[PDB]
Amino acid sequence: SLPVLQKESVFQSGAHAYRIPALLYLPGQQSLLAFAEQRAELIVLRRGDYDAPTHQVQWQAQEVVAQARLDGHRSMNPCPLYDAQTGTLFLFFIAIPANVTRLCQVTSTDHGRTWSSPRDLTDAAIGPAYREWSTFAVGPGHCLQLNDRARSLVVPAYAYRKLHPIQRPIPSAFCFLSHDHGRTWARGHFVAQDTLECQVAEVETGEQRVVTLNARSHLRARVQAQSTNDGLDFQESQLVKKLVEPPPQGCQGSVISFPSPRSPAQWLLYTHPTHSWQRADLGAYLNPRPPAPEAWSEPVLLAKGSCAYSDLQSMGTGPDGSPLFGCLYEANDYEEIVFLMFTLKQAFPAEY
């Protein structure tokens, strides 16, 4: 139980009503948006400002994101993004009543206080391949904006491909990519088969920036792949043995990049349960030479006991002078979603 700045349940339900956390940091407002699914199935939200004087996030009352829904459909997998160029916030999500799943989004121009009517992106982003899948999803958790000239948007996703061998559809992860703030979308190529819920980050490796995709698998280790073309194509996928996956279902995990506390420009921080076969003991891992699989550190326990899905966000600089982080995760047999705020110095003291 390392020392942390804050730890509190932001969603609680004895009936396991809240699941699938998503966290988003707004750099100008210095606030967080915590999203979650509430079981029709809808997306809820709690906003909170980082109160510097007390170095605590003051969470406001829970609100339903009414706009994030299609009539007669269930809304799931909140996947938020802050567009630094326009300041607009994007909340991508899936809507479900043959493929009948829909890719949607609502936007906000007032820091997420009010949202636009839902926009169905299905046709524009998936194309003909749509009928080749049984279903699909995005995220869950925050998506990515690259530091390229266009400030491209990359949305992590996965689809159950009906390869039709009269057998169960198999999931494969991939990315949706837009260079024009969501006006147009391209669907990237799948990574290895049997990859589910993934997250993407951008880092400097060698003398170029690459997109790293870290996916859940049904194996005993995470699956990772990197792309040199913004996620359209990924090099051979590989197992990251240093990052355990509890068989046979695995578990979703979160990864983000952040400025190195020192050769490489960015480091990666990743959270996921650390137990060999159970969804327990949430740990934080560091990669100082991203995204090299062999460079991952041993994890540090953020929370002992039952823990599942999680989502991370960098939050600028913490009180002690090191990088500040926020983490939203499912805990206590899915009875709640907890918010943890800590710094790199607190979590990895050996670094300081």
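Shifts are known only where both forms have a C-alpha. Rigid core (definition): largest C-alpha set, two forms, superposition within 1.5 Å. Residue numbers count along the first chain shown, from 1. Compared with the form deposited in another entry:
- For the set 218, 162, 181, 279, a Cα shift of at least 2 angstroms between these two forms, after rigid core superposition, holds for 162 and for no other residue.
- Listed in sequence order, 14-16, 162-169 mark where three or more consecutive residues have CA shifts of 2 Å or more between these two forms on superposition of the core.
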Given for the second form:
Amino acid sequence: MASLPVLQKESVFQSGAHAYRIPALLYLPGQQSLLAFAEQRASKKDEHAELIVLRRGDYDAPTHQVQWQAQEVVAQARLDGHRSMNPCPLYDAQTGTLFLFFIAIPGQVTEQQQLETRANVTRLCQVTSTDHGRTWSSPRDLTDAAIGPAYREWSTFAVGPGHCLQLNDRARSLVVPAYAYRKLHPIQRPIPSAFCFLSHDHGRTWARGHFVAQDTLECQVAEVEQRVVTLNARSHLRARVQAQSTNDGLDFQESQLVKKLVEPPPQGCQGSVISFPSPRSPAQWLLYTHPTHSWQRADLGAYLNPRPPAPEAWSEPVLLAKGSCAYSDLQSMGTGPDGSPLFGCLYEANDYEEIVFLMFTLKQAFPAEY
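In place of the form deposited in one PDB entry, the structure of the form deposited in another entry is requested.
Nothing else is written out below except the one chain.
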């Protein structure tokens, strides 16, 4: 009945003059601190998104707790007349450049509208920072350099939401998970499909990798041991959809539904996935958070995959939170206070009226594996 006894559970965002949704969590291994991003809307309704907020949490080792600083708006992260949403932070380990990818949309134009009209008006933006988010650069509209030709082919699109991924490939590449509503039938409605924007020049230029099976929405990616990228996407189907890539994000194959990982009725809900050092045959294991209830968005659960990316390998969940739970984001924080893998979790709680930070170790969530 009781939720999982964690290392830490604290409300990091709450409604007030504004409502806060769509959480993102970035871990700076060298700072030993987290960057918590969220959307600051004038109300819970999507069409009311405005700016992106940020909070820095620095991990204290003596007490194994994370102390967060006052929330601030990533001012530079926005385009004139458009509202910003869907944050997708990434940290380029080598250039030390911190990236924040977001989507800018004109006025309060809805997503439904770009859909019904098959008219895309969504801009792809990013802002960078070299002092860990203290001062951001001026907004840079990537739409043309990242899209262009494929712009008319989509009714709309979006990045993440959630932390992006830098590969440990022969060139440490940037992979930004995303999904788009593609126009494939003159009569039938557009079908969304997950995919990743790739950058091999450290952000200089981009490229869109090929789509995966269709009817997949917001997804996230991870890398595992010969070196592959498993993707996990939100589907309007019974459960979650997941595919793997063996060419650094350019192609996703073996895509299939995973019934062990349920999805709420309508169009499902966003979820998060990360990889981490196996406590002992495979180099990495995966951890994934998503609501475990099947009629609604409640009971946030954590799932383990000790033999990735074998779909049947996925484990049964463990209750991280009882009640209303929605969008979440995960981060591997290294080795915890108890010698096991440390995890940082950010999730939408209490009917979108607060976003919570959760911190726990593998030994806590899945002690069985010991």
